[PDB]
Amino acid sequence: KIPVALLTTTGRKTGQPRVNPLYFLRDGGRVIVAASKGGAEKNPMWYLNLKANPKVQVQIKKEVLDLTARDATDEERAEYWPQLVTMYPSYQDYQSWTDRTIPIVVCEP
């Protein structure tokens, strides 16, 4: 069905590597993911990690990408959110059901 990417972040507290599966969008070299966490009240821990340490590793099939993660700008949100929703309509439901704006993370080389 929908492929997952494996995102590795550095635990902001422990400094240990943390891996989590996510759905993703490609924009050339960029990988885009949404810190939706099924519409939880709070941002997922991996998001907190990458905001404390922007260096992340992303594995897609056999490709291992060393990228730098940051929040999408207003204009990037406008471009990527609708693509994310088209690919996985549940994203819009999560956003509908949660207070926080769901972060969109741009991972770039």
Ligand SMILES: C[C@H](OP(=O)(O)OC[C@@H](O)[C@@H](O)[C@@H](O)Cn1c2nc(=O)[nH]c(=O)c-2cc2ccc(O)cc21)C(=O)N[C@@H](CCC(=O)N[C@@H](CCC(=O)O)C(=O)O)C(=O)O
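Under this definition, the rigid core comprises the largest set of C-alpha atoms superposing within 1.5 Å between the forms. Residue numbers count along the first chain shown, from 1. First, how it differs from the form deposited without coenzyme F420.
Annotation for residue 18: C-alpha shift under 2 angstroms between the two forms, rigid core superposed. Once both forms are overlaid on the rigid core, the distance between the two CA positions of residue 82 between the two forms is under 2 angstroms.
After superposing the rigid core, the Cα of residue 37 is displaced by 2 Å or more between the two forms.
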Second form
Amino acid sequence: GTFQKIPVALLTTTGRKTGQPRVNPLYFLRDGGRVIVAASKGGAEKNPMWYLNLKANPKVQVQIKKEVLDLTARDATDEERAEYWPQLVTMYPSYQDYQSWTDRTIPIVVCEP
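For the form deposited without coenzyme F420 instead of the form deposited with coenzyme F420 bound, what are the coordinates?
Here you get just the chain by itself.
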């Protein structure tokens, strides 16, 4: 393994159009039994499909290493974004090179048991 390794969580959501499962690797934080997941970049012309899927069906699966969790996903509240965003930037310093508005558009999703 190289200095370039970036831990990711595989988030599986239910496709909003077909109901088929869809997987996306995302950046994440653990907080007790919560897993916080976020897109790796922002300011997109479109929200990512995994985020639109979990808006329609909050029931998701998160895999970290070989551990599989069934969780229910919801947007971080304003307070939770303020709480988690600095820990995300610490864990993934590539976020530092984004401007303000870019950051405010990143989905930050709390998945809980």
